[PDB]
Structure formats: C-alpha cells, structure tokens
Amino acid sequence: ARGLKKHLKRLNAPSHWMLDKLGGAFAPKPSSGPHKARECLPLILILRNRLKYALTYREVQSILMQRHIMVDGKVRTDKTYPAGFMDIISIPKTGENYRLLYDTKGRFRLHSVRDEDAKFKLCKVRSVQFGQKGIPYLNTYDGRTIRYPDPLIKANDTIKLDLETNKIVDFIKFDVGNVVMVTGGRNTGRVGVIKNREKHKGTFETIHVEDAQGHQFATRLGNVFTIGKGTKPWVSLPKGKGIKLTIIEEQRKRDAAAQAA
Amino acid sequence: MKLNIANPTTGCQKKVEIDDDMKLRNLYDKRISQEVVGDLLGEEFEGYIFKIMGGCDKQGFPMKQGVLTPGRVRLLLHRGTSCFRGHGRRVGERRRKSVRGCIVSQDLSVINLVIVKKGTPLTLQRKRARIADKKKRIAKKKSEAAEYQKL
Amino acid sequence: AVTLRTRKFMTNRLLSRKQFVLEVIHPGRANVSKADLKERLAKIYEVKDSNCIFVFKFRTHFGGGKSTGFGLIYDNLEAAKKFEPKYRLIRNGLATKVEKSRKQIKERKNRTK
RNA sequence: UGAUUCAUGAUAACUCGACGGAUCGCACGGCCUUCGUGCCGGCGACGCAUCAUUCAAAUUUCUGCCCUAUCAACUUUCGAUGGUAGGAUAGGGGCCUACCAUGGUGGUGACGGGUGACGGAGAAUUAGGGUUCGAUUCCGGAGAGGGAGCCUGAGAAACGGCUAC
RNA sequence: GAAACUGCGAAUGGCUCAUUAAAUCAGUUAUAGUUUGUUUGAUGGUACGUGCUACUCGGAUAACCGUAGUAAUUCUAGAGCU
Ligand SMILES: [Mg+2]
Ligand SMILES: [Mg+2]
Ligand SMILES: [Mg+2]
Ligand SMILES: [Mg+2]
Ligand SMILES: [Mg+2]
Ligand SMILES: [Mg+2]
Ligand SMILES: [Mg+2]
Ligand SMILES: [Mg+2]
Ligand SMILES: [Mg+2]
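Protein chains in written order, with my numbering: chain H, 1 to 261; chain V, 1 to 151; chain Y, 1 to 113.
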C-alpha cells in the first residue's frame with residue numbers, strides 16, 4: 001500500500017487470541033508497543049474477553065480511563081496496548097495482580113501473584129553493547145533498556161527488574177542446565193531444563209529441552225526464555241506445571257475428573 | 001472604474017464612481033503600490049494622496065502584484081497567498097487561477113486606493129521546577145555513573 | 001407462581017456494578033416483563049433503589065417456560081448514570097431522545113465561513 | 001558477530017546548525033532571609049533531538065505457473081552482460097553518465113505469440129492417481145476514463161489532492 | 001461555550017480485476033545495503049563569557065467590524081482591531 005495498515009480484520013488476528021469468528025469483522029490490532037504484536041495480548045482482550053470486567057468496547061474504554069489499570073507498575077490509558085510475556089497487570093482498586101504467562105497450548109493465562117512476587121518483573125536481554133561516550137547498555141525483548149549493565153551480563157541472558165529502583169536486581173546467565181519456558185512455535189508453554197545447545201555457523205542455534213517428567217523437545221534460540229537457574233524457576237508457574245501432555249492423557253484426566261464426581 | 005476610498009488614519013471607507021477620461025488618464029498605466037495625487041482625481045481631493053493598491057474587474061478576477069500585462073493570465077498559486085485563499089484545500093495544494101495584470105488599464109471594474117495624506121507566579125514556579133529537575137538529572141548522573149565506575 | 005435464579009455472577013468494583021446472567025423459570029406463564037422482574041430483583045437484593053436495575057437480552061427458550069438474560073445492578077445511581085450506554089437509560093425512562101436530519105448535518109455548513 | 005576498517009573512544013578541523021523549552025493545567029503548603037502570594041517545591045500535559053523498540057515498507061536469495069516450434073534464434077549504436085570512476089537515491093544496483101571490455105540467454109523451450117490469465121489460501125468431483133476451476137468478503141499486488149508530472153507530508157507519483165494533454 | 005487560527009488524520013477503510021505468465025504471488029532468505037509519525041524505554045552541559053556558574057521580551061495574522069467585484073462557486077481585492 002502507500003502507508004501503514006491500521007485495521008486488522010478478525011480472521012487475521014493470531015490463533016492464540018481465541019477470539020471467535022462471527023463476533024464482528026475486525027480485531028483490536030495492537031498498537032506499536034513493547035511487544036511484537038504477533039506475540040502479544042491487548043488490554044481489551046484482557047478485560048472484555050477473559051476477565052469479563054466489561055461487556056463492550058466502550059466499557060473497556062471506561063475501565064481504562066478511570067485510570068484503574070496498571071502495566072509494569074505504571075498506569076496505562078491505552079486500549080490496544082501490546083502486553084506480552086511476564087507483563088504484570090495490577091488493579092489497585094481490587095488489590096489484585098496478574099502476571100501474563102503462557103500455558104502449554106500456546107495461549108495466554110493470567111497467573112495471579114502476591115505483592116512481594118509482583119514488585120518485580122522478569123525479562124531476557126536482546127543485546128548488550130555500547131552507546132554514547134562508550135557507556136555499555138542492554139536492550140531487552142521487552143523494549144526496556146538498561147544503562148551501565150553488570151559487566152557479566154551477556155546477550156540471551158535474563159534479568160529481573162524491580163518496579164521501584166527500576167534496575168537489575170539479579171541476572172541468570174543463559175546456560176545449559178537451567179529451566180526455560182519457550183514462547184513461540186508449537187512447543188510454546190512447555191517449561192523444562194536444557195540438556196544441550198547446538199550452534200550452527202550462519203543461522204539459528206537450537207536448544208534441547210526436557211519436561212521435568214521426561215518428554216524431550218527442541219527449539220531454536222529465538223523462543224527460549226530462561227526463567228530460573230537450575231531446576232527451580234523464579235516465577236510461579238501456571239495451574240499445570242508447564243507440562244504439555246498427550247491428547248490421550250487429556251482424555252484420561254477428564255475421565256478421572258468425572259469418575260470422582 | 002469605480003473607486004474604493006479608505007483611510008487608515010481615521011478608519012473609514014466608502015465607494016464612489018468616476019467616468020472622466022481626462023480625470024483618469026493619470027489613473028491608467030500605474031501599478032499596485034503607486035501613489036497618486038488627488039489634485040486631478042477631482043477638484044475636491046486636493047492634497048489627498050491616493051495609493052493605487054488592489055483592484056479587481058468585471059468577471060471578478062483580481063489584479064495581482066508582479067504580473068505586468070493588461071491581460072487575464074492564468075497563474076499557479078499557493079493557498080493563503082495573494083489572490084489565492086482557497087479554504088478546505090488540503091495544505092500543499094496549488095491551483096491555476098485567473099488573474100489580471102498589475103498595471104491598471106481600461107477593462108477593469110473596481111480600483112482600490114487608500115489615503116496617505118489628508119490635506120506571573122505560575123511561571124515563577126515553572127522556571128525553578130525546570131531548574132530543579134535538570135539539576136537532579138546531573139546529581140543522578142554523579143551517583144549512578146561512579147557507582148559503575150568503581151567496579 | 002414463577003421462580004428466579006442467577007448464575008455467572010460477578011461483582012466488579014471497577015464499574016461499580018454486580019452483573020449476572022439470570023435464568024428465570026416461569027412455567028405456565030407466557031413470559032415475565034422486565035418491569036415485573038424489577039421489583040422481584042429489587043426486593044431480593046434490597047438495592048434500596050429499584051431504578052439501579054437494568055435487565056435485558058431475554059430469550060424464552062424453545063418450548064416455553066424458561067427465559068434467560070443479562071442483568072446489571074448498580075450500587076450508586078450516580079455510577080448508573082455515568083457507566084451506562086445511552087439506551088438502557090432511555091428504556092427505563094431516565095432520559096429522553098431526539099431525532100436526526102443530516103442534510104447539512106455538516107456538508108453545506110462546511111462551505112460558508 | 002559465523003564474518004566487518006564493527007559498536008564505540010580520542011584527536012584535527014568543517015557547517016552561515018535542523019537541535020539543545022520565551023509553551024499549558026489543576027492541587028495549595030512546610031517554614032521569614034527585608035515576615036514583602038515571602039525561601040520554596042510536587043503531580044501532569046505538550047514538545048524538541050539521538051539510540052533502542054514497535055507498527056511497517058522498500059529492495060532482495062533459492063525453488064515453484066497454463067497452451068504454442070505454423071514462436072530457433074533473442075539482446076547489443078540509443079545499457080544489452082560485466083569492470084572502473086562518478087552522479088542520483090533512504091539505500092544496493094546500468095538506476096544514469098564517461099571510459100574499457102564483448103559479453104548475457106537459448107532443445108532443461110530463450111525470445112515471441114495466445115489467454116474469455118491478477119497470484120495465493122482454497123472450490124467441485126474424487127477408491128488411489130488425477131481433471132477442471134479460482135472476479136469474489138482472508139492475505140499480497142495493481143487501478144482509479146487513458147496516460148504523464150508533481151506539491152503537502154513520516155508515509156501519496158495519492159485522484160472522495162493538484163498540474164497538462 | 002459557537003466561529004476561526006495552530007496541530008493531526010484524511011496514505012486506513014471501500015470497490016473492482018483492466019494491466020501483468022519468473023513478472024505479481026507462495027514457502028523460505030537477506031539488509032553488514034536502507035527509510036520508519038507514533039507507542040514503549042533510556043538519553044540531553046558550554047547557545048558565548050575575555051568558558052572565572054546565563055546578559056531582554058517583536059509585529060501581523062485569521063475569525064470580528066466595515067467597504068466592494070462577479071452571473072457565478074469553500075471565486076476574489078482593499079481598509080480597521082487582537
Ligand atoms: Mg486499500
Ligand atoms: Mg490501535
Ligand atoms: Mg558505484
Ligand atoms: Mg483480464
Ligand atoms: Mg483485496
Ligand atoms: Mg467508469
Ligand atoms: Mg494508487
Ligand atoms: Mg493519480
Ligand atoms: Mg469518487
């Protein structure tokens with residue numbers, strides 16, 4: 001075309017937004033923001049479709065310009081804000097925190113947290129390298145940038161960012177043997193401990209992972225997101241501890257659910 | 001032909017009509033922004049200095065400064081400027097309008113001439129608020145740069 | 001001799017309302033008016049104001065005798081004023097309506113000044 | 001970084017410097033230095049420039065398209081294939097110029113011709129293989145009666161903008 | 001509070017399939033060969049002063065008033081304010 005496309009029709013809206021086919025022609029079209037707009041979830045889909053705090057477009061507009069909604073600790077009036085992975089949504093009117101996490105099927109869940117496990121967020125680093133006058137800085141995948149980074153922090157690593165001092169508090173060196181939570185592809189959602197990492201000259205370096213209950217898979221370096229050093233993650237995993245289970249087992253669990261009821 | 005008379009000194013304006021050759025042989029052949037003495041424009045304009053400035057004609061197409069030919073030539077103008085103030089025209093548009101030349105001549109209608117000669121506390125807050133946060137910026141530097149320097 | 005029950009009920013003190021999907025059962029009865037449901041909902045929630053209720057989207061399932069729909073109970077009529085779509089207010093008569101004729105709603109009027 | 005005279009620093013200068021805030025809101029509130037709206041200082045808006053990011057685009061690499069040989073030679077003075085030097089562009093580039101070289105393609109179908117041919121996801125029929133279709137609501141392209149040229153703008157060779165035929 | 005000036009958008013949507021057969025397009029590449037309003041995050045010395053902690057506040061302009069051309073139309077000239 002001759003310029004930016006600003007409508008997104010409903011059937012082009014990515015698969016993991018779960019929004020139905022016949023509810024209308026268009027879809028919220030996330031604004032250019034901190035997350036890649038293909039790996040995101042707008043605030044309207046958060047309020048209206050999942051939490052049902054509103055029932056229309058305008059009602060979410062009312063919610064947002066009441067100034068009720070918070071993202072990464074600062075109030076947000078936008079209504080197609082591209083929230084993403086481990087963005088925290090607080091609603092101080094309800095004293096209630098969500099941290100936006102995948103499940104094993106590739107869809108977003110709102111995993112609740114307390115305040116001590118909400119004061120900080122967690123994100124990986126895109127790259128660390130120099131800037132003006134030779135000061136190092138790093139750029140995350142969250143858009144965030146940090147100046148004077150801890151000279152050990154490298155690319156592909158992960159960091160915790162407090163929402164008051166607004167700098168590092170710790171960083172996990174991307175390495176073999178610590179757990180990840182893949183965020184793209186068919187394996188997205190599945191947590192698990194790296195067992196190997198193979199690099200190829202000129203293209204993507206892949207990571208082999210194992211679900212702590214045995215199953216093993218692989219994914220290129222793009223979608224891995226180390227959570228915690230070792231086996232223990234530094235974030236409260238969702239209802240199913242990041243294990244994708246065969247459809248047969250999803251049948252057995254529902255049989256076992258009904259046979260005790 | 002028909003004269004518009006206005007004065008900036010008082011602020012008053014009015015219009016009359018003249019039809020005398022020997023009265024307007026001196027009116028012809030003159031451009032925009034040229035003084036004319038009212039001596040010969042009529043015996044009751046003596047001392048009054050009239051300024052030929054403006055002037056449109058029948059068919060309503062004005063005279064423009066700078067185009068010197070008693071024709072009705074088509075020019076490509078810019079909105080808002082002399083002899084083109086088209087509204088609702090999507091700034092940056094140009095149109096090829098019709099204009100008269102700048103030397104007055106026979107075929108005009110109405111000639112315009114003018115008369116030259118008649119014979120806080122909030123700011124006080126904001127300035128230093130700016131000074132305050134610009135200086136805390138540099139204090140924050142002299143903390144957070146050396147914090148990293150010592151390592 | 002009709003019944004009245006709710007489900008899918010959630011209170012959001014964001015928009016200061018209690019919102020539910022009611023599941024009315026009126027065997028024998030043709031159907032129940034929304035007005036006629038107002039006093040029953042008001043006297044079972046003691047909302048102190050039978051005008052804070054706004055109920056809609058009634059169906060009367062195939063075969064008759066059971067109707068569903070949505071319901072909205074506000075806690076201050078102030079919030080009912082502000083967080084409401086313009087037409088449920090008009091349905092309850094809390095405000096009135098006007099009509100349009102759009103020849104020079106804006107078009108001819110974009111020409112003069 | 002797979003790989004860079006990379007990121008970046010320092011230095012010598014250069015520029016008639018775009019830039020480095022003469023902008024706008026409520027909330028009042030600690031305390032006299034001349035008790036002087038007094039010393040103050042917060043929460044916001046708007047905005048200017050660099051970097052990163054995001055929404056994009058543009059250019060781009062490999063492979064993939066129907067019938068036709070009664071379409072076996074096509075391109076090359078005037079860019080056709082390449083080299084250098086340069087201009088132009090946001091940028092690579094024969095995109096253009098100067099000079100030099102004579103190359104590029106072709107029976108694995110070039111070039112040309114036909115298409116009642118926009119491409120695709122897909123539609124019908126289907127035992128398997130296939131045959132035919134695809135204007136159409138999703139994506140990509142193209143176009144505003146036919147062409148051509150432009151201003152405003154981050155973005156238009158825009159037509160619910162202009163200029164000419 | 002209308003009107004108007006300044007800002008932004010009108011380059012999205014929408015319709016159609018005329019053009020176009022390695023071309024558009026599809027899968028997949030690339031940018032170390034580039035531009036990107038904005039959103040989000042970070043960032044901001046010296047303007048001259050002989051670098052010895054900054055040295056002062058401009059009219060003209062729409063809307064409005066008034067006076068006109070033209071047959072004319074978001075066609076148009078001039079005076080007067082801000
Ligand atoms: Mg379009
Ligand atoms: Mg949007
Ligand atoms: Mg070159
Ligand atoms: Mg055709
Ligand atoms: Mg289309
Ligand atoms: Mg037609
Ligand atoms: Mg076009
Ligand atoms: Mg055009
Ligand atoms: Mg039209």
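Note that these hints are calculated values from the structure, not bench results. We treat Cβ as the ideally placed atom computed from N, Cα and C, and that holds for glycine. Some hints here could point you the wrong way.
Simulated coverage check for chain H against chain Y, where a stretch passes if three residues somewhere in it have a Cβ under 8 Å from a Cβ of chain Y [to be verified]:
| # | region |
| --- | --- |
| 1 | 60 to 70 |
| 2 | 201 to 214 |
Here are some of the chain Y residues that sit facing chain H, going by a computed Cβ distance under 10 Å [what the hints assert, rightly or not]:
| # | residue |
| --- | --- |
| 3 | 6 |
| 4 | 7 |
| 5 | 8 |
| 6 | 10 |
| 7 | 14 |
| 8 | 15 |
| 9 | 19 |
| 10 | 70 |
| 11 | 81 |
| 12 | 83 |
| 13 | 93 |
* Asked: Holds or violated: residue 93/Y as interface residue toward chain H, Cβ cutoff 10 Å?
  -> For residue 93/Y, the interface hint is violated, since the closest Cβ of chain H sits about 22 Å away, which is over 10 Å.
* Asked: Hint check: is the beta carbon of residue 81/Y less than 10 Å from a beta carbon of chain H?
  -> violated (12 Å)
* Within the region 60 to 70 of chain H, is the number of residues with a Cβ closer than 8 Å to a Cβ of chain Y three or more? -> holds (count 4)
* Is the interface hint for residue 6/Y satisfied, with its Cβ closer than 10 Å to some Cβ of chain H? -> violated (15 Å)
* Is the interface hint for residue 14/Y satisfied, with its Cβ closer than 10 Å to some Cβ of chain H? -> Hint on residue 14/Y: holds, closest Cβ of chain H at ~5 Å, below 10 Å.
* When the least beta-carbon distance from residue 19/Y to chain H is tested against 10 Å, hint result -> Nearest chain H Cβ about 8 Å off; hint holds.
* Interface restraint verdict for residue 70/Y against chain H (beta-carbon cut-off 10 Å) -> Constraint on residue 70/Y satisfied, holds at 8 Å.
* Asked: Should the interface hint for residue 8/Y be scored as holding, given a Cβ-Cβ cut-off of 10 Å against chain H?
  -> Constraint on residue 8/Y satisfied, holds at 9 Å.
* Hey, does the residue 15/Y contact hint survive, CB to chain H under 10 Å? -> With Cβ-Cβ at 7 Å, under 10 Å, it holds.
* Report holds or violated for the interface hint on residue 83/Y, using the least CB-CB distance to chain H and a cut-off of 10 Å. => This interface hint holds because 6 Å falls under the 10 Å limit.
* **residue 10/Y as an interface hint toward chain H, with CB separation required under 10 Å** => holds (6 Å)
* To do: Please count how many residues of the region 201 to 214 of chain H have a CB within 8 Å of a CB from chain Y and say whether that reaches 3.
  => The restraint on the region 201 to 214 of chain H is violated, since only 0 of its residues have a Cβ under 8 Å from chain Y and three are required.
Consistency with the previously given hints fails for numbers 2, 3, 4, 11, 13, ordered from lowest to highest.
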